[PDB]
Amino acid sequence: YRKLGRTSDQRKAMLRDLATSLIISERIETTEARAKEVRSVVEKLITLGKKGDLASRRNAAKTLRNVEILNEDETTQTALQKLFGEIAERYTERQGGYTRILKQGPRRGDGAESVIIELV
Amino acid sequence: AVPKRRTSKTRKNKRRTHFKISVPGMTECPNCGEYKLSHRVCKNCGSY
Amino acid sequence: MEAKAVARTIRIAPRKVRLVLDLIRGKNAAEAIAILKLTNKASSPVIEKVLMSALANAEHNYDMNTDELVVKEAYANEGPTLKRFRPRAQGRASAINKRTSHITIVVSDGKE
Amino acid sequence: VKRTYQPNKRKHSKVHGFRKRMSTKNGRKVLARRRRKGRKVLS
RNA sequence: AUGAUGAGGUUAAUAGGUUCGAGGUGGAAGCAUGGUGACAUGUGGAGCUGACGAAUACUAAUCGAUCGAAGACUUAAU
RNA sequence: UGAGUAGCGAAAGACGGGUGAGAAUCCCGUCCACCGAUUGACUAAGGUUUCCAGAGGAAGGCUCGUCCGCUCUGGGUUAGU
RNA sequence: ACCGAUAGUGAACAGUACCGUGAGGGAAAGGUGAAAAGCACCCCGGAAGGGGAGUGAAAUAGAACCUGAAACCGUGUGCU
RNA sequence: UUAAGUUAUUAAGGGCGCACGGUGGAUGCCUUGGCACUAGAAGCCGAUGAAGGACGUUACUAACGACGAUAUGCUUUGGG
Ligand SMILES: [Mg+2]
Ligand SMILES: [Mg+2]
Ligand SMILES: [Mg+2]
Ligand SMILES: [Mg+2]
Ligand SMILES: [Mg+2]
Ligand SMILES: [Mg+2]
Ligand SMILES: [Mg+2]
Ligand SMILES: [Mg+2]
Ligand SMILES: [Mg+2]
Ligand SMILES: [Mg+2]
Ligand SMILES: [Mg+2]
Ligand SMILES: [Mg+2]
Ligand SMILES: [Mg+2]
Ligand SMILES: [Mg+2]
Ligand SMILES: [Mg+2]
Ligand SMILES: [Mg+2]
Ligand SMILES: [Mg+2]
Ligand SMILES: [Mg+2]
Ligand SMILES: [Mg+2]
Ligand SMILES: [Mg+2]
Ligand SMILES: [Mg+2]
Ligand SMILES: [Mg+2]
Ligand SMILES: [Mg+2]
Ligand SMILES: [Mg+2]
Ligand SMILES: [Mg+2]
Ligand SMILES: [Mg+2]
Ligand SMILES: [Mg+2]
Ligand SMILES: [Mg+2]
Ligand SMILES: [Mg+2]
Ligand SMILES: [Mg+2]
Ligand SMILES: [Mg+2]
Ligand SMILES: [Mg+2]
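Residue numbers (the working numbering), protein chains in the order written: chain A, -7 to 112; chain B, 12 to 59; chain C, 39 to 150; chain D, 23 to 65.
None of these hints come from the bench; they were simulated from the model. A portion of the hints provided could be inaccurate.
Said to hold, decoys possible - Pairs of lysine-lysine residues, derived as DSS-like cross-links and limited to a Cα-Cα distance of at most 25 angstroms, are as follows: (1) B:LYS23 with C:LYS79; (2) C:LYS65 with A:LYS95; (3) C:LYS136 with B:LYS20; (4) A:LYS42 with A:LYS28; (5) B:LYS31 with C:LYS79; (6) C:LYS136 with B:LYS31; (7) C:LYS79 with A:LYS95; (8) A:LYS28 with B:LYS54; (9) C:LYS149 with C:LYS121; (10) C:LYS54 with B:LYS20; (11) B:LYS25 with C:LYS79; (12) B:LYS31 with C:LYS149; (13) C:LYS79 with B:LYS54; (14) C:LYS87 with B:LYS54; (15) B:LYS31 with C:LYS121; (16) C:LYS87 with B:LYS31; (17) B:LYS54 with C:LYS121; (18) B:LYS20 with C:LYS75; (19) B:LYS23 with C:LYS87; (20) A:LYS95 with B:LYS54; (21) B:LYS23 with C:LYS54.
As the list claims (entries may be wrong) - Pulled a few chain A residues facing chain B out of the computed Cβ check, cut under 8 angstroms: (22) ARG92; (23) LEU94; (24) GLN96; (25) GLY97.
Claimed, not checked - Just the calculated beta-carbon pair ranges, DEER-fashion: (26) A:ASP1 with C:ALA127: 29 to 39 angstroms; (27) C:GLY64 with A:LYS36: 49 to 59 angstroms; (28) C:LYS149 with B:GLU45: 20 to 30 angstroms; (29) B:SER58 with C:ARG46: 34 to 44 angstroms; (30) D:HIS38 with A:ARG(-2): 52 to 62 angstroms; (31) C:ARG46 with A:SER32: 46 to 56 angstroms.
Even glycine gets a Cβ: it sits at the ideal position worked out from N, Cα and C.
Take the sequences, apply the hints, and build the full model.
Given below as structure tokens:
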């Protein structure tokens, strides 16, 4: 695995903050090497959603943050309920994958290769 | 630690013969638009 | 004939602008625009702004066909420098040069 | 590290400044020399 | 170090994921029972598992572009 | 010339949305992290408009900059205790 | 039978910028054209800059404005 | 066809010569300022408030000059 230029405690925190906002917004834009690493983290988290029992509900809460979504029709759900509620429905037949990575050009301030990672 | 002689114009120019830059990948956007970079996504001025 | 366009007192240093400038000379104009949009040096949108200006002079001032034009010349000359200072250590200062450039490209249809 | 010239507004006007130069004869000499160069600020 | 080297580029197991294993840890959560309680027992060699092994085209290795020869003369055998 | 070399001055950021010719670096929001006998809050020396609004992006800012203690225009300090 | 902008007063535009707690020390910086007639208007560009056009005897006289050496930086090429 | 032999062709980049540009401000030409002297006058003011300065004064005001709440000046006598 990669180190991403951070310390062990910072890398873990940056990687689960990044995985949460991919559940909220379903496609985000970041660098190349960071998207290669959050690829495997978020798909192990949909596997927990497809099981659906209590013990894996407890295990996914190790990783996700506490974020409220202002859902449509003025409803509100947490990020954990949205994982076991909607994403677990769409991928009940597929056996892996669930994400893709699309490359773009460099940014201006760096030569950093931008990347869109989306949820499929 | 310090240079003993100056460097002439020839020896300076022989040194930077590899100090160059390369042309990029340059595929095409076949649907609509100008050239994009290879294995990338033709977002702006592009439909691929 | 030939058309030209220059851009005087550009704040980028002349060694840095001659690197990207060597990729485009001798090539026709449609390839040269495509190259300058895909190299990520800082100089690239400055040269590309100048090559747009020289193409527009050939269409308007001289009534050439812009579909078949080639870049004859492309070069960068030195401008006047700005002299700054930087304090180093133990009360000593050091000099710093802010270089400038004059960029010139000409474009032609190859006929007389 | 503490430097020299810790500035003070009372002290600067009292060891220097106009009335202190006028009170001695040698202080009047330095006012005469700065009027002769045409120096803009006196004391 | 970079670069080079080697394995692969859909007529595909290169990497990731998914499934099954090895090995490591050492008996999960929840529920029930006993006990005043701290706690213990059962469900159950349980559950979790980075780099290791095998299988599986689910995701991505797209479309494309560039370089690259056209067998000189003399003499002797044939 | 050395040379596109040394250096860019202690430290945790991520994403979304917006504005703009142009955004890692500006504004808004959520999460995360640091200090907390102090990176908090008052008052003196000292400095003298650096304060506020609007507009700007040549130089300054060790990068960028649509921003600024920078440039332009106009404003702002009220005592019988 | 003195100098002509590194000269001649330190000073042709200053005992000022600036340095110093202070006495005190102390610079750099001249020249469009006869006349401002100082580039209407069009085009590229966010602008800056530029190409045309026009003024003028002359704009490689366009305000960083007389002439414009050398170091130094570049682009093309004939022989190697 | 085979053997033996000789000689070519490349320029990633470099060197010499030539042509065209840029930076930079020498040289030439010039003078708005200075240096040294001659001749003739005159040399030092002030409690009737000096020398030298600070604040202000113009329709629009930053500095220099001039001026002082009669303030970017007032009266008179003579020139023009
Ligand atoms: Mg820790
Ligand atoms: Mg070279
Ligand atoms: Mg710049
Ligand atoms: Mg110091
Ligand atoms: Mg390097
Ligand atoms: Mg070295
Ligand atoms: Mg090194
Ligand atoms: Mg370094
Ligand atoms: Mg820093
Ligand atoms: Mg953002
Ligand atoms: Mg914020
Ligand atoms: Mg703490
Ligand atoms: Mg504070
Ligand atoms: Mg005070
Ligand atoms: Mg402010
Ligand atoms: Mg503002
Ligand atoms: Mg700026
Ligand atoms: Mg800057
Ligand atoms: Mg803007
Ligand atoms: Mg201000
Ligand atoms: Mg002089
Ligand atoms: Mg001269
Ligand atoms: Mg001072
Ligand atoms: Mg002098
Ligand atoms: Mg213009
Ligand atoms: Mg000439
Ligand atoms: Mg000049
Ligand atoms: Mg003349
Ligand atoms: Mg000239
Ligand atoms: Mg070459
Ligand atoms: Mg007398
Ligand atoms: Mg009269």
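| task | List, from low to high, the hint numbers that the structure doesn't satisfy. | result | 2, 9, 12, 15, 17, 18, 19, 22
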